[PDB]
Amino acid sequence: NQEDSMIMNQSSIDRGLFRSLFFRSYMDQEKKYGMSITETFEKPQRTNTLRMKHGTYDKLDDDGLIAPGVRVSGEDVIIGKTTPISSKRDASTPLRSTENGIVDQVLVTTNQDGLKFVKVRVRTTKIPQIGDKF
Amino acid sequence: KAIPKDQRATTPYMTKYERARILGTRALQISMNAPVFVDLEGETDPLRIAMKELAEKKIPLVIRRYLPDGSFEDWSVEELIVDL
Amino acid sequence: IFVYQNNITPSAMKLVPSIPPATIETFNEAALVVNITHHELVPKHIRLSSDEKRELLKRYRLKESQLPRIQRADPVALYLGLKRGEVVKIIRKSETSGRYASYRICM
Amino acid sequence: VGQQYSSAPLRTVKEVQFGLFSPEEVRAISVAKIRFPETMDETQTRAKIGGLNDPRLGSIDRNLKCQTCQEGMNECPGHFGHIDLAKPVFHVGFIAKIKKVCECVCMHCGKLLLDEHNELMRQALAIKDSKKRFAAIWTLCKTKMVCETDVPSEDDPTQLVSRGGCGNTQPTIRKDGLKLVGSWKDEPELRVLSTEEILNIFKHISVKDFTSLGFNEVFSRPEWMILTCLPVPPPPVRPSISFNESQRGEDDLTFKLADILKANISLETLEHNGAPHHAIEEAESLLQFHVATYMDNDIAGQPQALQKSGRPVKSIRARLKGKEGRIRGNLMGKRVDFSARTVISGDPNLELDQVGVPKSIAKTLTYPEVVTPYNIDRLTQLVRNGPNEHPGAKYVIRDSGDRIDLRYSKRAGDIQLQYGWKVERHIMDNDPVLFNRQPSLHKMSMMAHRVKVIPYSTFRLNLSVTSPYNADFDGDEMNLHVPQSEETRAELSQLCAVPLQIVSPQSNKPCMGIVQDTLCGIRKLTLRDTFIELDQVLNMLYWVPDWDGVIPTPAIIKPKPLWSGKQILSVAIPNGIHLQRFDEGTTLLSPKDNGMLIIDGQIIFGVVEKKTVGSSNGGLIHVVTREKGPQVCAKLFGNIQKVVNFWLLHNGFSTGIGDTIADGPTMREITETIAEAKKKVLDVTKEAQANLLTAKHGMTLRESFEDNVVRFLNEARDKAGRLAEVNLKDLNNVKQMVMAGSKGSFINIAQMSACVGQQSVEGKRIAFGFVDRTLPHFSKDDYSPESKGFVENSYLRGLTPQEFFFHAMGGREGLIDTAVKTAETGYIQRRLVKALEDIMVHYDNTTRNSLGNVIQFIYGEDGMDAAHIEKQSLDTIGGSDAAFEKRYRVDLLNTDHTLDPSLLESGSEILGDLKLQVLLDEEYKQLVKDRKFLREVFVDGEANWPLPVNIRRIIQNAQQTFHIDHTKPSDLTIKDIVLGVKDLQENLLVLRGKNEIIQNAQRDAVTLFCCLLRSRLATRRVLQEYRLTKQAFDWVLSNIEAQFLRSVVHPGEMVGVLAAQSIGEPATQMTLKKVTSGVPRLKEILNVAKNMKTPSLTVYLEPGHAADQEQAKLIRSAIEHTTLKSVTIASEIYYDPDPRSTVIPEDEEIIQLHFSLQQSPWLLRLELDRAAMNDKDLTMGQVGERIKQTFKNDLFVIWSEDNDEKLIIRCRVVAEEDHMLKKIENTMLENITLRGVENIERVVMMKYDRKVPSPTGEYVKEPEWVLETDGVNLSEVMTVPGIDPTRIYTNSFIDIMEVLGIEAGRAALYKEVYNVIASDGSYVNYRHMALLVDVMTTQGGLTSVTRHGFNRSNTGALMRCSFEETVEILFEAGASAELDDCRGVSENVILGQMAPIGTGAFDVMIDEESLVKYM
Ligand SMILES: [Mg+2]
Ligand SMILES: [Zn+2]
Ligand SMILES: [Zn+2]
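Protein sequences, first through last, are from chains B, F, E and A. Residues 834 to 919, 933 to 980 in the entry's author numbering are what the first sequence lists, from first letter to last. Residues 72 to 155 in the entry's author numbering are what the second sequence lists, from first letter to last. Residues 109 to 215 in the entry's author numbering are what the third sequence lists, from first letter to last. Residues 2 to 186, 195 to 1081, 1092 to 1176, 1187 to 1243, 1254 to 1454 in the entry's author numbering are what the fourth sequence lists, from first letter to last.
I should point out that these hints are in silico values taken from the structure, not numbers from a laboratory. Note that the Cβ used here is the ideal one computed from N, Cα and C, for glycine as well. Just to be clear, a hint being listed does not mean it is correct.
Unchecked claim - Listed next, the in silico EDC-like pairs over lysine to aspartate or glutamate satisfying Cα-Cα at most 20 Å (straight line):
id, chain 1, residue 1, chain 2, residue 2
1, A, 133, E, 194
2, F, 76, A, 1447
3, A, 461, F, 116
What the hints assert, rightly or not - Each pair of labels, with its calculated beta carbon distance range:
id, chain 1, residue 1, chain 2, residue 2, range
4, E, 136, A, 1160, 45 to 51 Å
5, E, 152, A, 227, 19 to 25 Å
6, F, 77, A, 347, 18 to 24 Å
7, A, 1444, F, 77, 16 to 22 Å
8, B, 845, A, 673, 35 to 41 Å
9, E, 152, A, 1386, 33 to 39 Å
10, A, 1386, E, 136, 32 to 38 Å
11, E, 137, A, 780, 35 to 41 Å
12, F, 152, A, 128, 48 to 54 Å
13, A, 14, E, 152, 58 to 64 Å
14, A, 382, B, 845, 52 to 58 Å
15, A, 927, E, 152, 30 to 36 Å
16, A, 369, F, 152, 44 to 50 Å
Claimed, not checked - Far from chain A, some chain F residues (derived; all Cβ distances over 10 Å):
id, residue
17, 114
18, 123
19, 139
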């Protein structure tokens, strides 16, 4: 506890002492080229272009998304977007490398243009650590 | 061009710097599979063996002590007093 | 050495380089009132000979450059009547030594 | 390091010959033709043409094709191209010398206007400095703006020289961004000095002529300052950052090249075809524009030329300019591999040299050990663990250099390692790493620890190392760097280890102290009052890691076996230590348990706290490092912490509101102390109202009350807190803290338990931010205690709403100045360290640098290693010349001065001997020699000076390591002692030299130490006081000798960087009969300011009359500037046409007196103040004759005398005079000096308490008169009868060196800096400042610590560009074909080389001969 620091009762943290939560959102759209060429929202796999990310696509369903409630890991795909060029480049968006957690809400709407908007949430239980600020 | 071994205003003591670089060059070479001029008496850390080399003062290194004017003087590891 | 009350004509002082090798030094009465040199703050300044100067560079392995240079206008370098090149051996005192030899080359 | 071998020989970068690109060479040096801005793709068809990209430069898209060089992407350095400009262009920055040379060279023949016929031009041609040769030539030739066809010879004037032809006039060249403007005259015709016209002349310029300027016909000609050939930068300078694949990605540099390429073929169209002339100058000026734009956009030419994005466009200048601008953020500074940043936490279990390293960080950080038979087998276990198990390996590098990435290999378990391979193993337990807490302003801020792979995600550290790093466990973020070279980890372990820097070279004191819990626990235990019982004692004794397992005798064994808190602490303390302290309340029986006595690692008495276990010069810390060792003492920090804290854990400590409350009536007494001073407030308040206030010297009446009213409010603010200070018992948990020192001060007790006090901004007691009142809750005109910002309440009682708001504003200031000075100080560190960089200690035992220019001829004027020095005492200066005689004089001829045969075995026979007393004469006479010597260097008596080799400590050890019984006489002969020193005196060496001067400045260097040597080892003091044997004496001489040759400074030590890193570091901590308070004062001296914020001249009285009160009473008004403005109330003009008769009745008789015992019709009458006159003590006759002799014979004076109450001085003169007389009164008041030297204002008197040796020898106090003044103009103030023109000092260091030599300048500058070291009380050894002070002196005068002092001098082109100005500095390196030594720090830094710093200085080789011997 010297030069400003402090000791903590873990057998108390265990009950709910300074137990918290933290929720992160993710954004992406079904971006249009004009000539009715749109990025595809699904689960891409190699074939023609193979310009893809390295994470786990395997967790996502076939609407190019994980349904909320699944345990996300680290660098695994959360957003499945395929880039058509003149096939399967790819512009999929994965989990932030640092983070971990569970999917909270998988929101999908239409923008002012009507482009398949995605809003995924990453629900983590931040617990008192050996060097957290208080 | 240089200066001879007689005529040395250079401290006859090894500098804490010369210690660190001899004991370091021997640490490098000895880890680089180089010949060991001391008996490996239970010693296996390259840098450590190099230390028991300056002890047995059987390091073949010679220090080129350059004078800021241009010319220089030579001193072997044996030649330097280690009161460091 | 000319000791004027107020000043000298710039018409006159152009007649200073006129008689070489002989050097003509000029000092106003004003700074002479008090001995500028006899100060607490200024240590000894010594005019070092051709051989004394050479020896300095030969032993201390220096160059015409490397030396901690001195002003010509230094109230000392005029009180000693110093000219360019001359070495000034200065014996300053130390809080951690007592004495230390500093050498200056006049400009 | 580059990737893939090349048969090319490898080497150093020994010179960097800067120059200019010959538009001739640019063409040859090009592989590419660069013709069109169609960059890459041949009409979207994904490739590249003869355009901007790879017409033969280097391909993008992970491909070879780089004109035969190919080599992929990495190992493929960029390949330059070219582009021929359609018309010459003024190279943006070289536009300077273009205007300049043009004013020197005849714009007709290409010959300098002036030559070898003009004497000052000759004087210039002679100057051996390449740009100062220009400096004079420019100033010279710009003048004569007509070249001479003929001019008279140096011999006779009727005899002319046709030297060079053409007599045509030169223009008056002035800028216009991209085109110069001439001028010649009937009627002025200004010529459009065009690029084409200008370049021509430059070609013609005589070799010898551009040679006599800053130019070169091999590296940089002036004819290349104008571009015809632009080199096209390759793509790894202007990248192709493609989005996915079918999307562009060119850098803004590729744009401005395309925008030039457009502008080149535009000027080509107009030229090659139908010429539009005054439309061609547009495509020309745009090419001229974009070539000047693409290099620099951020210039004086208003258009920053924004690209269609509003972006100024990435100027090649903006790409190299300061911090993260290549030189200062990508070259001098970098982002490195093998690094780790983590949160910090405290630790009572780690050794001083150990670092907290979480598992994950140890598993992420790799070290490459070479497969040698020593390791191999264990590395093969690491190899079958990979990066999951703590000890494992990330990669395994083959003999060939193929990365076996253990993590995914198919043979990852197999791995059959061969020798010479490199296994990239995790960094593990007790390995070396560079741990660091930002900013790295201190040598001590970047130190090396020992890995101890702990769980839990934080970087933990020993709590004694909380101070040298600047640590606080509020989640501080620290760095970590993993060495890879077994040579590099040798470099950490030998100079960067924590146990080494225990003792601070920066100030000659140890910089690691025991803190908080350990600082309060140790004192709570080292008391007479505290004891421990066997069960808890045994736990405490075992807790010492290296305890002998020996149960010490319990001091009390009566009706309880008890162990004192000191007999258990003595256990950790190493046997052989000697420490004697002593204080006020110490009497060896120390009733107050005061002082400190530790004889042979055992406590006798005293209480351990800051004065022992604290980071102090005398402190147990310091003692143990010198007297026992470094990795020995760092163990002791651990031993103590472990044990003190084990006892503290069981004794317990807490601090609550109970502490803030003083005993009942003391709290009442506090509001009595504030009330009595509140009455002392109304005293002055009532005194000021009726104008009875005696305003002091150099003080306003408004100021006089405020200055005094503050005094009694703060006098009582202090004594209010003092009441509660000792009222709070020995038990007070807060008193206990401050007792040891752990955390807190008296002020704290004051502001918490008694009263807060006065709050002020800019020093001003919170004034009237409204109309004459403090706040709208106040009455108009309230200067009251509470009104101008005084708090009577303590934090406990709770402050009132008002008492709280006034606390906000005063605290507000203490947040601003933090942000301000912490940043200014940051720039102040930079400057000191960029100036003192190159500077170090050499083998000549001299102080040199980046060239070899000497600063000091012996480092530190002495030649010792900064920390080896402990404040030693010179016993020879002190006492009366009689006390000295008793203590030192030995006279073996007199019965009453002979050393009795109780002192030496020879004592009875050594008496009455001729040559034996003749010997002693030299002994006492050399001491009397030493006496006055030390009394000349320091005439203030003080003996407590920083001197190497603690002679005290050696004898301390001798008396208990030789068990000398001061019962029987010493064996020694008088011959043994006197001479034994006379031989030791020789073997104590600094400069090892064998000549004259090297032997001479050597004697000079160890003079002081020798005077101390002579004080202790003097014959009497040796046998009378010491009673030491020949054996012990020889040990005393032996131990002093080598301890001294260890004290020699190590050639290489970056003494310069170190001087700055001991000045710049504690400058930050500065929280600041009136001067500039430390911080702004420092920026005045460092920046060398002549426009001083606080200029002050201090004069000491004339030698004799020291205490003469009246002497200063005369000099004062004789030095203080008095004006007619001072003594005058009102100057009026009347119309008195008659000389004799005065129509004024208030003057009617005044005239008739000073008249009887042609002249002006306009009268100038002016009234005087009797007090203001009889203030500088005046007469109307004084004033009268003063003005009389001012105007003299053109203006006549009459006046009323001091007897006459109408204080008037009437004046007249000799068509038009109403305006002419009104003109006179202007000069009259402002310029007519009446008394004293001008500028020198507020002359105030001081009875300066001096130090003079008494009539008996005793150094004694002398109260003498000194006139301290607010004015500086020494020039004549020195030439005064009543002053000491030797003691006379001034603030303006400039004014010192000006009038009294350059070696007195070094002086005024030093004194002026040491009184900045005392501006926060803190110490810095003389050597650190005396180096910097010598830096701004060794030039020949005074130089600023800025880009126009050190960064503009001699040092190589790269050593200067590394600070303040960059692209700029490098531009004059080019045009004036400059050169880099590659001798300074900054030089090798850029190149990524081993600079000649410490370990890098000397070179190591192997003698086949010494190598062959061993076998
Ligand atoms: Mg901080
Ligand atoms: Zn290439
Ligand atoms: Zn001409």
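Going through the hints against the structure:
Of the pairs offered as hints, the one joining residue 133 of chain A and residue 194 of chain E is violated, with about 23 Å between alpha carbons and a cut-off of 20 Å exceeded. This hinted pair checks out: residue 76 of chain F and residue 1447 of chain A have alpha carbons roughly 17 Å apart, not beyond 20 Å. Distance restraint check for residue 461 of chain A and residue 116 of chain F: the Cα-Cα separation of roughly 18 Å lies within the 20 Å cut-off, and the hinted pair is therefore satisfied. For residue 136 of chain E and residue 1160 of chain A, the hinted distance range of 45 to 51 Å is satisfied, since their beta carbons lie about 49 Å from each other.
Separated by about 49 Å at the C-beta atoms, residue 152 of chain E and residue 227 of chain A break the suggested range of 19 to 25 Å. At roughly 46 Å, the beta-carbon separation of residue 77 of chain F and residue 347 of chain A lies outside the given 18 to 24 Å, and the hint is violated. Remark: the range hint 16 to 22 Å for residue 1444 of chain A to residue 77 of chain F is upheld by a beta-carbon distance near 19 Å. Between residue 845 of chain B and residue 673 of chain A the beta carbon distance is about 39 Å. The supplied range of 35 to 41 Å therefore holds.
Our hint of 33 to 39 Å for residue 152 of chain E and residue 1386 of chain A holds, since their Cβ atoms are close to 36 Å apart. Look at residue 1386 of chain A against residue 136 of chain E: about 37 Å separates their beta carbons, and that is inside 32 to 38 Å. Between residue 137 of chain E and residue 780 of chain A, the C-beta spacing of about 59 Å breaks the proposed range 35 to 41 Å. Between residue 152 of chain F and residue 128 of chain A the beta carbons are some 50 Å apart, a value that agrees with the proposed interval 48 to 54 Å.
Separation of residue 14 of chain A from residue 152 of chain E is about 46 Å and departs from the stated range, judged on CB atoms against 58 to 64 Å. Separation of residue 382 of chain A from residue 845 of chain B is about 54 Å and conforms to the stated range, judged on CB atoms against 52 to 58 Å. Our hint of 30 to 36 Å for residue 927 of chain A and residue 152 of chain E holds, since their Cβ atoms are close to 34 Å apart. A hinted range of 44 to 50 Å for the beta carbons of residue 369 of chain A and residue 152 of chain F is consistent with their spacing of about 46 Å.
Distance check on residue 114 of chain F: its Cβ comes as close as 8 Å (rounded) to a Cβ of chain A, failing to clear the 10 Å threshold; non-interface status is violated. At the 10 Å boundary, the C-beta of residue 123 of chain F stays outside the reach of chain A, the nearest C-beta of that chain being 13 Å off. Chain A draws residue 139 of chain F into its interface by the beta-carbon criterion, the shortest separation being 5 Å against a cut-off of 10 Å.
The structure is inconsistent with the numbered hints 1, 5, 6, 11, 13, 17, 19, although it conforms to all the rest.
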